[PDB]
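*Asks:* Chain by chain, the residues run as shown.
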Amino acid sequence: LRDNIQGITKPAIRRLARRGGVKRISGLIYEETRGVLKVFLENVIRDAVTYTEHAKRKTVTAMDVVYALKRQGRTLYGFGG
Amino acid sequence: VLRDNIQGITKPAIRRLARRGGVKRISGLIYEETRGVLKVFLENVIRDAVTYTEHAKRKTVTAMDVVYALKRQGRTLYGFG
Amino acid sequence: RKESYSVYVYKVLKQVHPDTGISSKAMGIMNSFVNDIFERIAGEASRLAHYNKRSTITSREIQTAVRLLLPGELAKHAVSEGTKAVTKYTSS
Amino acid sequence: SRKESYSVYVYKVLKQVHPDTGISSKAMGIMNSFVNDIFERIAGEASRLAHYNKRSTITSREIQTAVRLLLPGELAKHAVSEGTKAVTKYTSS
Amino acid sequence: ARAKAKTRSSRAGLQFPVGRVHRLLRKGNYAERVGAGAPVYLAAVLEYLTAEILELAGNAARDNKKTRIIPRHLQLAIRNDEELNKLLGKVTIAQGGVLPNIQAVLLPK
Amino acid sequence: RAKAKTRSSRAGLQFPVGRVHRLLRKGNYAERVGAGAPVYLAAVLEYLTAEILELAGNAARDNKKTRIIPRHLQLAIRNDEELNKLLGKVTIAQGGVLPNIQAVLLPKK
Amino acid sequence: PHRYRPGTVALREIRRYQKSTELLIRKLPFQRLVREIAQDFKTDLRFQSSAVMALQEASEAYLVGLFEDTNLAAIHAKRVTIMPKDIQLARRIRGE
Amino acid sequence: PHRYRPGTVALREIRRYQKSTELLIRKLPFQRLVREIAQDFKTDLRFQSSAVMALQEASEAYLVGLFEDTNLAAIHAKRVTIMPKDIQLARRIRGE
DNA sequence: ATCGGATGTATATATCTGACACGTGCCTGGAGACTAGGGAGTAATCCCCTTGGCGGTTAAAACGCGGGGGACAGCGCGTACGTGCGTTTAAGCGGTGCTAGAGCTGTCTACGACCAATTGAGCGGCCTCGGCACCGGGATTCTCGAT
DNA sequence: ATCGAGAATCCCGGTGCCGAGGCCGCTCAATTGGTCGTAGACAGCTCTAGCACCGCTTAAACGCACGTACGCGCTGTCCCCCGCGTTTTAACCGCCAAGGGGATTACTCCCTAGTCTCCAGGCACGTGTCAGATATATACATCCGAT
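In the order they appear, the protein sequences are chains A, B, C, D, E, F, G and H.
Oh and the first sequence: position 39 is 61 in the UniProt record's numbering, straight run, nothing missing.
Oh and the second sequence: position 20 is 41 in the UniProt record's numbering, straight run, nothing missing.
Oh and the third sequence: position 91 is 124 in the UniProt record's numbering, straight run, nothing missing.
Oh and the fourth sequence: position 72 is 104 in the UniProt record's numbering, straight run, nothing missing.
Oh and the fifth sequence: position 105 is 115 in the UniProt record's numbering, straight run, nothing missing.
Oh and the sixth sequence: position 53 is 64 in the UniProt record's numbering, straight run, nothing missing.
Oh and the seventh sequence: position 33 is 71 in the UniProt record's numbering, straight run, nothing missing.
Oh and the eighth sequence: position 44 is 82 in the UniProt record's numbering, straight run, nothing missing.
Please note that a few of the clues may not be correct.
[To be verified] Result set (BS3-like, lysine-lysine): computed pairs, CA atoms no more than 25 Å apart in a straight line:
(1) E/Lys119 x H/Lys57
(2) C/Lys86 x E/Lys37
(3) A/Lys92 x D/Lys58
(4) D/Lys86 x B/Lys60
(5) D/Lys58 x B/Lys92
(6) C/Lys109 x A/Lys92
(7) F/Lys14 x D/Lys44
(8) E/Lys119 x B/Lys60
(9) F/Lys100 x A/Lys60
(10) G/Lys57 x F/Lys75
(11) E/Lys75 x C/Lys47
(12) G/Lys116 x F/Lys120
(13) A/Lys78 x A/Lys92
(14) E/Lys100 x A/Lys92
(15) A/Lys32 x G/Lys57
(16) D/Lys86 x H/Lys80
(17) E/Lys75 x H/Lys57
(18) A/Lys92 x A/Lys80
[To be verified] Pair by pair, the computed Cβ-Cβ distance ranges are:
(19) D/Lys47 x C/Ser113: 24 to 34 Å
(20) A/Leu50 x E/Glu92: 21 to 31 Å
(21) C/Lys35 x B/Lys60: 31 to 41 Å
(22) F/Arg78 x C/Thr123: 55 to 65 Å
(23) A/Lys78 x H/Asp78: 19 to 29 Å
(24) G/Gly103 x D/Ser113: 49 to 59 Å
(25) C/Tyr43 x H/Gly103: 28 to 38 Å
(26) G/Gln86 x A/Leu23: 27 to 37 Å
(27) A/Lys32 x G/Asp78: 53 to 63 Å
None of these hints come from the bench; they were simulated from the model.
For every residue, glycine included, the Cβ atom is placed at its ideal position computed from N, Cα and C.
Please work from the sequences and hints to get the whole structure.
*Replies:* Dropping the structure here:
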């Protein structure tokens, strides 16, 4: 409901940076990464809910997420389509 | 047969383009790099333009072919056509 | 015959800036803009119709396409500008 | 029957390229999405090609031009060769 | 027999051609069928966007002490408005130039 | 009737010519669809699938696995420059990332 | 009384998390965040499990690519640490 | 004799070329380069002047945007002079 | 450079287990036969836009020359981020239950495709004078070398 | 922190020129009245999967202490790019001339949409089984602290 942005823990962001090849991380990376992730998630979810509402459904299917990601150019393979 | 026309993109022209881009100081190696990237972009556009021209069984490259090639590569030039 | 939106763009201009002109290059740019947004919205509406197994494009297809494409309040006014017109079209 | 995919054809091609190799369900779904995406890309480019030239039919020439436009050089040459071989073989019989 | 002809654009209070948009939608290879209100909605949206750009273009032309609109004014209007810039972020305008912008570090101390 | 032979077998392909023809006809791409267009498209799709699957099988052999997983597909795509360019804007689920460390971060002494 | 010098285990977990394909983000916090974000656009909204998984995969792929660009920008500035200015420059150049 | 300092004339040029909307690239050399490049795709190929002008506009816009990205990358590295490494970083982050 | 302790990988082997691949029925979509009509290949023609050349102006490019300011290397500092350890939190994981609603089926009616006259909206040709480019001048503001 | 010479640029007024705007003739595509097929709107039923809840286990997050190495500031060198003057040079513009091929129309022919009948390739459904994930024991590649 509230304050779920802190659920993206600092070790999770550190693991994401390690996957990205980052060796040393400053302390301000976590808040900036949370902000960027929130912006990206809002951008995708807004269009996912738009696709859901147009179809006159109450559940957000994976197909709606795939369509939204394709509409932002982030094509995803593995979840249908 | 034309040759050595990449040198026709003179140093003052690259300097003027950098000035329009907001650049104060320019290194001596910028000109060759800029010529290379301009050549790469120009072949990328012209290959698609000539493909569009050849599909239409035409021997003249019209502005619409260039516009279609740019829109295909994500440039979307306004004006011509 | 070459068709464009030049007369329509000029008519829209006269009811916004009644004493402002426009050049031929700017009119061509406006025609390019209108055609680009037309094909963008029509393609999005066609995709939406295909996704829902529908064989027709209705006003809600265009409305959803406008919501998907236009950002922020630019969509929020435009939807209203669309919907009012349809209502005026409905009540002849 | 209520569902259609390319798993049979992808598996048939897999046995041709690697006769002793299998594929997982997730990888098969990824391959199906890849095939669908390439289908949409080529079909849309061919539709735009037919629109630009005031034609009402999509032919092998439009598909060939779309393949040349989309795929990179070394891959597009082989794709064009394979498509031309298929069309000639189909026309022969 | 037939009543006096009344165009669809004026029936919807629009300036853009509803009939032309309907014809383009029918022949644009978008769907098998086209609804009655879809061209009206699309024409209204296109006219609204045209007016929204033209207002700022005229404002920019007035700011340059000009009575006509040139591509420079369209470019300035689009790059100054945030939503218009977002909508046309991957669009190149011929003879439009660039927005004046100098980084603060390059300015003299 | 002189017996039914699939157009895929007639063209020496494995991908379905009839299914591709049906999808092209029902995809609202054009008013008419040529006879050789499904054959050409099926051939191109089969060639691309063969390339992907061959490189993925090579990756599986390099990983001592007899079954192709999404990691092998991602490795095959990212290790081929033209396959990578074709699918640059594509995300592979459960595919991971190509292992690469910048030389600056490596220890120097 | 045994220690590893700084950066050695930091050089580790790069090979470890580039060799693996697991998500590295906890499922339930991300699902809660997705539901919180979605509840602003529409009230009483349900989600398929595959939808949340697709959102997670896309978000982590985007974050990994952004962190690669951030690392490149940090190296460009003759640094090893990544700073929020590096993220800002990467997002600016990417057009976001 | 009167001589300006090395920084001011560059700023005047920046303002001058940011107010204007002209090309700053000579038309005939650019056209010759376009024909030379197109000669490698189809021989005895004729060009439309509108097509050459469109190519010039698009290439100039691309180069100007790349130069803004290059300036950003140069400033990020605590520099004023743009270097080829800045162009390379900009093209890498952009995707080219 | 070099050696030994101490980790953290690699390697070999047993042991489940649950996806993978293969058989099977069946049904719906692909294939064969046949017909009609319009899209497009093929001929022919016009004229317009492209290509090629030439002469004169001059704006732009090339080149050399100070020289000062920025790039870069080196050095010192100090603090912020790693590494490891102990503790706490809550995420998986395994159930169980309940019901919202996604998906599928059967009518049937309103909506859109289609067609046959009809005409006014919009496109093409053609003047035509006013916005804007240019010049010529003066006045104002910014920059740098001197106190 | 000021002052003045000098260059860059803004503002006012006069002259001209060409292109945006208005007007008229003329096609042809939008309107209107009408009919018919069918797409989906709606009512209804089902079954499934999404949400809520609870208990247990332990994987992981968090807090903290310590150290060190790396970001950052300062300083000195020097070299290289910028401002400016002088000398080519070829871009540009005006003008002419030939013709190649891009638009057009006419014709016809053959390729594809459409419909009927048939039948077999592909999709649920089920089931054996072994590829591989996991656990346990063993061997070595590397890291680091002295030496």
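*Asks:* Give a verdict on every hint.
*Replies:* Comparing the hints with the structure gives:
As the CA atoms of E/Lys119 and H/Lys57 are separated by approximately 23 Å, the hinted pair is consistent with the 25 Å bound. Taking the CA atoms of C/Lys86 and E/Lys37, the gap is about 20 Å. The hint holds against a cut of 25 Å. With a CA separation close to 20 Å, the supplied pair A/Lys92 and D/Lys58 stays within the 25 Å bound. Only pairs whose Cα atoms come within 25 Å are accepted, and D/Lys86 paired with B/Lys60 is rejected, the gap being roughly 33 Å.
Note on D/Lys58 and B/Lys92: the hinted pairing is violated, with a Cα-Cα distance of about 34 Å set against a maximum of 25 Å. A hinted pair counts as satisfied when its Cα atoms are at most 25 Å apart, and C/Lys109 with A/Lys92 qualifies at roughly 23 Å. At roughly 24 Å between alpha-carbon atoms, F/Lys14 and D/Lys44 fall within 25 Å of each other, so this suggested pair holds. This hinted pair does not check out: E/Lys119 and B/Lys60 have alpha carbons roughly 38 Å apart, beyond 25 Å.
About 21 Å separates the Cα atoms of F/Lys100 and A/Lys60, which keeps this hinted pair within 25 Å; it holds. Straight-line distance between C-alpha atoms of G/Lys57 and F/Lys75 comes to about 15 Å, which keeps the hinted pair within the 25 Å bound. Using a Cα cut-off of 25 Å, the hinted pair E/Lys75 and C/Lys47 holds, with the two alpha carbons roughly 18 Å apart. Taken as a hint, the G/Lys116 and F/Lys120 pair is honoured in the structure, with Cα atoms around 18 Å apart against an allowance of 25 Å.
A distance of roughly 21 Å separates the Cα atoms of A/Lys78 and A/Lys92; the hinted pair therefore holds under the 25 Å criterion. A distance of roughly 17 Å separates the Cα atoms of E/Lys100 and A/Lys92; the hinted pair therefore holds under the 25 Å criterion. At roughly 21 Å between alpha-carbon atoms, A/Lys32 and G/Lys57 fall within 25 Å of each other, so this suggested pair holds. Distance restraint check for D/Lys86 and H/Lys80: the Cα-Cα separation of roughly 24 Å lies within the 25 Å cut-off, and the hinted pair is therefore satisfied.
Between the alpha carbons of E/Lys75 and H/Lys57 the distance comes to roughly 15 Å, so the proposed pair stays at or under 25 Å and holds. Between A/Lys92 and A/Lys80 the CA atoms are separated by roughly 22 Å; this keeps the pair inside 25 Å, and the hint holds. Restraint check, D/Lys47 to C/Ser113: a C-beta distance of roughly 58 Å breaks the suggested window 24 to 34 Å. The hinted range of 21 to 31 Å is satisfied by A/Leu50 and E/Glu92, whose Cβ atoms lie roughly 26 Å apart.
The supplied range of 31 to 41 Å is met by C/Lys35 and B/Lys60, whose beta-carbon atoms lie about 36 Å from each other. Range check, F/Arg78 to C/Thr123: Cβ separation about 60 Å, and the 55 to 65 Å hint holds. Our hint of 19 to 29 Å for A/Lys78 and H/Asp78 is violated, since their Cβ atoms are close to 54 Å apart. Against the hinted window of 49 to 59 Å, the Cβ-Cβ separation of G/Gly103 and D/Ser113 comes to about 34 Å, which falls outside the hint.
Between C/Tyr43 and H/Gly103 the CB atoms are about 32 Å apart, so this pair conforms to the stated range of 28 to 38 Å. Our hint of 27 to 37 Å for G/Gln86 and A/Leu23 is violated, since their Cβ atoms are close to 20 Å apart. Judged by the Cβ atoms, the range 53 to 63 Å given for A/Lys32 and G/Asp78 is violated: they are separated by roughly 25 Å.
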